[PDB]
Amino acid sequence: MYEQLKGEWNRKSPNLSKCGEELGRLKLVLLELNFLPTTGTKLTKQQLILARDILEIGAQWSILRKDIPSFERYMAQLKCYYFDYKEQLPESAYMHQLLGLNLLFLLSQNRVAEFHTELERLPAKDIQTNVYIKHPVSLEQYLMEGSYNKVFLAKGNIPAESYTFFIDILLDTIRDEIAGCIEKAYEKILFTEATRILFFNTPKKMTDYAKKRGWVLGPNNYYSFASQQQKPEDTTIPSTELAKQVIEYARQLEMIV
Amino acid sequence: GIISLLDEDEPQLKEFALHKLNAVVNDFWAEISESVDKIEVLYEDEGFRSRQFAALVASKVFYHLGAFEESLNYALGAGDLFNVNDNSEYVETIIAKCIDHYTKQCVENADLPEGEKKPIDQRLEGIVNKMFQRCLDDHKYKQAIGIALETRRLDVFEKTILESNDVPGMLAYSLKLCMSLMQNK
Amino acid sequence: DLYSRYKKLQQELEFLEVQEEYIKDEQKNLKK
Amino acid sequence: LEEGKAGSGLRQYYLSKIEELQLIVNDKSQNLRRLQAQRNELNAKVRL
Amino acid sequence: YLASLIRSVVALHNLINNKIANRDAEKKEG
Amino acid sequence: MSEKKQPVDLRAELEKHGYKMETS
Amino acid sequence: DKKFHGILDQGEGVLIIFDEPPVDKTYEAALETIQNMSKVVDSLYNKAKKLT
Amino acid sequence: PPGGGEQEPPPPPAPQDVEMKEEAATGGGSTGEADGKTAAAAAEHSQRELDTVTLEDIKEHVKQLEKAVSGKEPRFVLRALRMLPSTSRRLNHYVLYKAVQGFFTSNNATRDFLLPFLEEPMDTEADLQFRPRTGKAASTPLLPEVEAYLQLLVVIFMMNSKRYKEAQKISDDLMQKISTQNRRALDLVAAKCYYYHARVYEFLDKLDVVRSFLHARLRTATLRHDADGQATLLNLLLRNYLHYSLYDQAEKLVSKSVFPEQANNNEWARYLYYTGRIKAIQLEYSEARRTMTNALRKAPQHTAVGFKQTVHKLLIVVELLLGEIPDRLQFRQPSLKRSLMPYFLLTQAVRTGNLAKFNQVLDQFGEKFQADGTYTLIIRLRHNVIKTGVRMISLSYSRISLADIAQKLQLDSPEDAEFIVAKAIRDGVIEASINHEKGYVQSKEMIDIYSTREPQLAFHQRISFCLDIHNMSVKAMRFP
Numbered sequence: 094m095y096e097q098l099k100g101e102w103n104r105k106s107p108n109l110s111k112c113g114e115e116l117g118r119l120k121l122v123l124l125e126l127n128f129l130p131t132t133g134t135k136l137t138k139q140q141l142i143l144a145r146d147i148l149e150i151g152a153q154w155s156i157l158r159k160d161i162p163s164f165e166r167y168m169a170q171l172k173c174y175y176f177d178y179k180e181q182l183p184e185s186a187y188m189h190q191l192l193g194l195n196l197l198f199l200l201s202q203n204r205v206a207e208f209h210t211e212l213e214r215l216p217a218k219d220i221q222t223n224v225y226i227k228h229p230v231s232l233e234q235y236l237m238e239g240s241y242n243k244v245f246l247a248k249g250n251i252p253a254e255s256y257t258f259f260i261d262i263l264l265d266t267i268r269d270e271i272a273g274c275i276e277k278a279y280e281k282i283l284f285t286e287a288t289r290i291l292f293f294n295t296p297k298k299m300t301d302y303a304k305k306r307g308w309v310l311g312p313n314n315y316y317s318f319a320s321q322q323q324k325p326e327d328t329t330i331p332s333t334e335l336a337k338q339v340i341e342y343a344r345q346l347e348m349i350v
Numbered sequence: 007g008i009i010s011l012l013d014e015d016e017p018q019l020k021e022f023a024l025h026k027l028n029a030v031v032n033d034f035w036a037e038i039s040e041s042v043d044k045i046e047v048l049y050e051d052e053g054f055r056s057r058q059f060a061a062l063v064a065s066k067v068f069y070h071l072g073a074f075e076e077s078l079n080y081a082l083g084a085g086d087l088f089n090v091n092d093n094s095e096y097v098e099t100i101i102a103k104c105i106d107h108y109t110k111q112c113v114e115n116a117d118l119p120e121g122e123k124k125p126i127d128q129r130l131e132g133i134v135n136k137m138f139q140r141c142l143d144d145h146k147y148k149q150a151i152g153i154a155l156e157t158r159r160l161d162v163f164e165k166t167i168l169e170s171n172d173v174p175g176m177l178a179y180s181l182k183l184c185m186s187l188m189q190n191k
Numbered sequence: 039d040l041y042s043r044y045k046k047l048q049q050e051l052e053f054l055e056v057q058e059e060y061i062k063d064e065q066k067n068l069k070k
Numbered sequence: 011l012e013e014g015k016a017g018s019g020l021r022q023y024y025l026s027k028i029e030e031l032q033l034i035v036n037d038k039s040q041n042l043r044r045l046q047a048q049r050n051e052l053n054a055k056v057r058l
Numbered sequence: 261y262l263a264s265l266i267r268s269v270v271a272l273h274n275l276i277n278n279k280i281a282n283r284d285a286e287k288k289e290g
Numbered sequence: 001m002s003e004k005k006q007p008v009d056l057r058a059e060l061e062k063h064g065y066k067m068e069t070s
Numbered sequence: 371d372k373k374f375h376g377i378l379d380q381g382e383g384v385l386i387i388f389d390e391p392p393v394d395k396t397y398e399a400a401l402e403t404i405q406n407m408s409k410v411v412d413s414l415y416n417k418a419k420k421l422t
Numbered sequence: 018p019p020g021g022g023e024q025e026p027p028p029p030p031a032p033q034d035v036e037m038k039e040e041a042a043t044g045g046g047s048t049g050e051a052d053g054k055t056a057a058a059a060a061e062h063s064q065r066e067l068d069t070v071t072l073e074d075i076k077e078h079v080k081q082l083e084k085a086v087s088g089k090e091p092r093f094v095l096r097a098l099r100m101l102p103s104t105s106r107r108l109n110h111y112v113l114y115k116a117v118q119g120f121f122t123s124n125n126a127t128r129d130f131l132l133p134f135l136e137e138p139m140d141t142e143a144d145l146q147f148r149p150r151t152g153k154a155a156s157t158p159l160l161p162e163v164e165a166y167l168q169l170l171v172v173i174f175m176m177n178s179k180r181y182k183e184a185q186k187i188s189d190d191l192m193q194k195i196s197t198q199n200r201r202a203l204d205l206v207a208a209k210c211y212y213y214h215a216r217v218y219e220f221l222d223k224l225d226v227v228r229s230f231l232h233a234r235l236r237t238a239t240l241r242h243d244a245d246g247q248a249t250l251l252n253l254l255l256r257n258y259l260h261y262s263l264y265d266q267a268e269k270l271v272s273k274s275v276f277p278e279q280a281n282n283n284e285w286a287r288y289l290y291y292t293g294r295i296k297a298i299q300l301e302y303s304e305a306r307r308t309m310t311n312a313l314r315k316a317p318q319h320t321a322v323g324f325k326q327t328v329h330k331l332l333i334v335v336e337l338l339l340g341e342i343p344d345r346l347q348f349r350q351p352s353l354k355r356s357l358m359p360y361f362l363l364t365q366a367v368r369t370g371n372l373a374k375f376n377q378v379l380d381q382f383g384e385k386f387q388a389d390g391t392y393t394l395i396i397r398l399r400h401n402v403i404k405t406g407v408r409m410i411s412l413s414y415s416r417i418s419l420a421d422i423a424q425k426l427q428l429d430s431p432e433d434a435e436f437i438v439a440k441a442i443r444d445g446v447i448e449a450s451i452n453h454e455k456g457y458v459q460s461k462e463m464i465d466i467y468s469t470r471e472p473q474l475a476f477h478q479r480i481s482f483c484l485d486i487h488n489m490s491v492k493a494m495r496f497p
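Residue numbers (the UniProt record's numbering), protein chains in the order written: chain R, 94 to 350; chain H, 7 to 191; chain Z, 39 to 70; chain F, 11 to 58; chain W, 261 to 290; chain E, 1 to 9, 56 to 70; chain B, 371 to 422; chain X, 18 to 497.
Everything labelled a hint here was simulated from the structure, so no lab data went into it.
The beta carbon of each residue, even a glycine, is placed where N, CA and C say it ideally should be.
Errors might be hidden in some of the hints.
Chain F residues, not near chain X, derived (Cβ > 10 Å throughout) [claimed, not checked]:
1) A16
2) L33
3) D37
4) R44
5) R49
In silico PhoX-like cross-links for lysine-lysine, where the CA-CA straight-line distance does not exceed 25 Å [to be verified]:
6) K218/R with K440/X
7) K54/X with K115/X
8) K15/F with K45/Z
9) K159/R with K135/R
10) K324/R with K298/R
11) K461/X with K281/R
12) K110/H with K191/H
13) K55/F with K146/H
14) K44/H with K172/R
15) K227/R with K76/X
16) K136/H with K103/H
17) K227/R with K115/X
18) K182/H with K66/Z
19) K55/F with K110/H
20) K287/W with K54/X
21) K419/B with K409/B
22) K45/Z with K165/H
23) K70/Z with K15/F
24) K223/X with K135/R
25) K194/X with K146/H
26) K492/X with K172/R
27) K288/W with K115/X
28) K46/Z with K146/H
29) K337/R with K304/R
30) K492/X with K54/X
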């Protein structure tokens, strides 16, 4: 009946044309059952599970095309599917890691809040088995370590899986935030360990940062001058607001009176 | 997060999106909050025929968020599909906001006294006399003369004193109520 | 009637409100 | 009526919540009337 | 610094003693 | 209350410090 | 012994004297607030007695 | 047999007196209190009803069973009747049934007779004035009966009390007028059986159908009766919504408001424990430690029993993520101790900077971590061990080689040694300066500053805004 639907799931797509064609057939599924509110008779939710599979690979295609609104749309569909008032559904292979792999990109981009609230659904489903959780959290510990080194070794071993363009922006948001979390303010260091900072051998990123940092570019060294920095005093700049503080506070004293 | 369906071009997914909204929004009342800016894509598009109902659900999430006058603005841009359906309690609040803003707008235009008066939408004054049909059909003179005092206008008030039956002398002591609460001459 | 007396109940309320700020400023000056 | 007499329950409630507010603020004046009369009688004591 | 000290002393005395005589007058009369 | 929420549910050191001498 | 305010320097063979005597404001502060602990402890008796 | 047979008569007379006069003096007294004054409310029998309900929640409740005077159900639930001068005859009929119960068997067993009984107030037609008296006369037998947990044929009777409370909810949507002074007591009593909604529904599975129903009740109380209504319903929301995903973290954002005024007493403190775990899920530790501490510190007097010990348990969790925690073994109670016994060595492993000490705690106590529900932060606390570990050794050691500190920092290569301290300054940990060749980490410190401005300038608004509130209290409490 209806279909052909999952015939393109095993072959995936050679380009985005088949992904848009699958969006068209999925749109016909949205033209009949849509997303809700059909409770059933869960036999009508069987093609919702058949939709969940192609929507999971639709998220793999959405990250394959790097488009953010696509992914977050199909991810919200998978969410609302598992968030639907009827929780019982046939078990899918990607049902687990769609939380954890998105969580991998979520925390490894340095979000310390959304990790807790992503696994705050219930602890039981996260505890059982198929745990990808250990890699991102220790990766974040290696972000402020920082790494670079152990992360590049962790860039060779990833769970992963099938999510790439997320870890690409994850790497970019790692690189710029290391330059943001380094200085100000840090003290004097030598050159070859700043070669160890950005690794490679003599990359052009060390020129991009030694400019951006500023900070200092010294020969065979680096400095925090001058000095430590800007030397806040603060002298009488706070004295004006100190006057204003009791200006309106004696106004509150007159409000009593 | 059902609002993510609006990223796709064709409007049939939008009508199916609001078809998801008006049902399960009970738990999703707060879910549409951050995505209201995406609802504005439908509210600002004239070629979208369901932008009315888009202003209905946008008025529902703004009703949960605590926005009142904003919900009244989208109630004006909610077309005919808004005023037709009233269930649960969405009514007493929006008609309190509508009558309040309306009577203080009429008081605002009454001090001019004439000319330059601010524009008045036909729908907000439409639900004035239309919801006043409840006062006319149920034959309640106490509330009818109440709203008749609120509107601060002599036309619809001339219709209230023109309502059927009697009210033989009731305009007399009604003016006693007026003069009692009267502000200025 | 209901809306009538409803518009009659904020008179003495605002009158008591201006009496609040009054007696506050009153006992503020008399305090000094 | 829903406009209305059931709506007047909300309308009159606003003036009921402000009634309780103004009542709470009325007592805020009432006990400071006792303190005002306290030091006023004490002003009659320094006049005495 | 002394200002904050008077704040703590004035708030301590007045608030504690007033709430005492307040809660006592209400619970005894009511 | 009983209302609301609640009804629902280097050593010391002795030996090591004395040993630090004879260690080296 | 604290009678001699200052300190020496062994590296360059220097001895420097410096002092900032007054603690008085901290004494007043501590005397107030440390006892004001027991103050609220004394108010624990009355204000928790009206509860039970 | 003769001892157990003759020890049956003594117990009933105590419920025959206090359980009879509890809703007779408080409920019948609230009738006169609801006729006038009626200021505020107050309606002090509403808080006295809280004292009686909390009294029954320990001993003796009513039902059971107990085979002692089951005729108390038809007593108050019938015979309004009907207008006040006719009710006085029924006020004598309670004494008439006291004599009838003092003569014959007195109907010591009801059970299946609850079906006509609970529907008898609908046979009277009607009380008609006080809905709280009709809802309380039906619920007071049934609400303490939920503590029996028989789970046979009487669960739908609790559901019938929920339907009677839904008739109380529709009347909670209509009258007024205008000005209901009995709806605050309806907020009190219904919040109770809304938690009995939670318990009875939790007998099988989650209440999610009642989540849309709670949102229907919570939103229909807006904005009129939200006062003391919205606070209890928000805890009813937050509690089980904390048990079942999702979005409540961003939902309470747009829900607030605040919602003022905080009522009643510990209700706002326990709410700050519920939303305390919420605001702890965002991991900001200043607001999380202040909402967790203010949750426990604001709650007197208990007993009972262990959930007031649970707020203290999860309280210092954010303090473990702060990097510095005291040893709490001196705060152990006779109960809270045996409950947190794994959490003891946990916070002891947080104080220490050893990795294997903390990891062994995770592997051994992971079962208790499943019982508490807090997991995700246990693996990331290893980063708190590397930051507190470097805070330890750096400030500790004069100049420490990156090879010697590499044991406790478990890697500390010649490269990452720069970032450990540098990115700790980004987190405001240690000022240690390191010139990297071999290398060696030479930690010095020079700071003399601060300890001044924000504390004293805030103390101005602190004390003043406080005494202003204490004014708003005392000045307004002088009505008598």
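Now the hints, each set against the structure:
Consistency note on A16/F: stated as away from chain X, yet its beta-carbon is not over 10 Å from all of that chain's, at 7 Å minimum. Some Cβ of chain X comes within 10 Å of the Cβ of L33/F; the nearest lies about 8 Å off, and the non-interface call is violated. Not every beta carbon of chain X lies more than 10 Å from that of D37/F, the smallest distance being close to 5 Å; the non-interface claim is violated. The beta carbon of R44/F sits about 7 Å from the closest Cβ of chain X, which is not more than 10 Å, so the claim that it is off the interface is violated.
In this structure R49/F is separated from chain X by more than 10 Å, as the shortest Cβ-Cβ distance comes to about 16 Å. Taken as a hint, the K218/R and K440/X pair is broken in the structure, with Cα atoms around 34 Å apart against an allowance of 25 Å. The hinted pair formed by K54/X and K115/X fails the criterion: a straight-line CA distance of about 31 Å is larger than 25 Å. Proposed proximity of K15/F and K45/Z is supported: the alpha carbons are some 14 Å apart, at most 25 Å.
With a C-alpha separation of about 34 Å, the suggested pair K159/R and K135/R falls outside the 25 Å cut-off, and the hint is violated. In summary, the hint linking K324/R to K298/R is not supported, as the alpha carbons are separated by about 30 Å, beyond the 25 Å threshold. With a C-alpha separation of about 13 Å, the suggested pair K461/X and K281/R falls inside the 25 Å cut-off, and the hint holds. For the suggested pair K110/H and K191/H, the alpha carbons sit about 17 Å apart, so the restraint of at most 25 Å is met.
The straight-line distance between the Cα atoms of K55/F and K146/H is roughly 62 Å, outside the 25 Å bound, and the hint therefore fails. Under the criterion of a C-alpha separation no larger than 25 Å, the hint pairing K44/H with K172/R is consistent with the structure, at around 19 Å. Of the pairs offered as hints, the one joining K227/R and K76/X is violated, with about 50 Å between alpha carbons and a cut-off of 25 Å exceeded. For the given pair, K136/H sits about 16 Å from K103/H by alpha-carbon distance, which is consistent with the 25 Å threshold.
Under the criterion of a C-alpha separation no larger than 25 Å, the hint pairing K227/R with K115/X is inconsistent with the structure, at around 70 Å. For the hint linking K182/H to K66/Z, the alpha-carbon distance of about 40 Å lies beyond 25 Å, and the restraint is violated. Restraint check: the Cα-Cα separation between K55/F and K110/H comes to about 53 Å, which exceeds 25 Å; the hinted pair is violated. The hinted pair formed by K287/W and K54/X meets the criterion: a straight-line CA distance of about 17 Å does not exceed 25 Å.
Of the pairs offered as hints, the one joining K419/B and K409/B holds, with about 16 Å between alpha carbons and a cut-off of 25 Å not exceeded. Among the hinted pairs, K45/Z with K165/H is consistent with the structure: their alpha-carbon atoms are about 22 Å apart, no more than 25 Å. Distance restraint check for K70/Z and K15/F: the Cα-Cα separation of roughly 50 Å exceeds the 25 Å cut-off, and the hinted pair is therefore not satisfied. A C-alpha spacing of about 20 Å is found between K223/X and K135/R, which places the hinted pair at or below 25 Å, so the restraint holds.
A distance of roughly 18 Å separates the Cα atoms of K194/X and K146/H; the hinted pair therefore holds under the 25 Å criterion. Restraint check for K492/X and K172/R: the C-alpha separation of about 53 Å exceeds 25 Å, so the hint is violated. A threshold of 25 Å between alpha carbons decides the hint, and for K288/W with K115/X the separation of about 35 Å lies outside it, so the pair is violated. At roughly 20 Å between alpha-carbon atoms, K46/Z and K146/H fall within 25 Å of each other, so this suggested pair holds.
Our distance criterion of 25 Å between C-alpha atoms is broken by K337/R and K304/R, whose separation comes to about 41 Å. For the hint pairing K492/X with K54/X, the CA-to-CA distance comes to about 20 Å; that is within 25 Å, so the pair holds.
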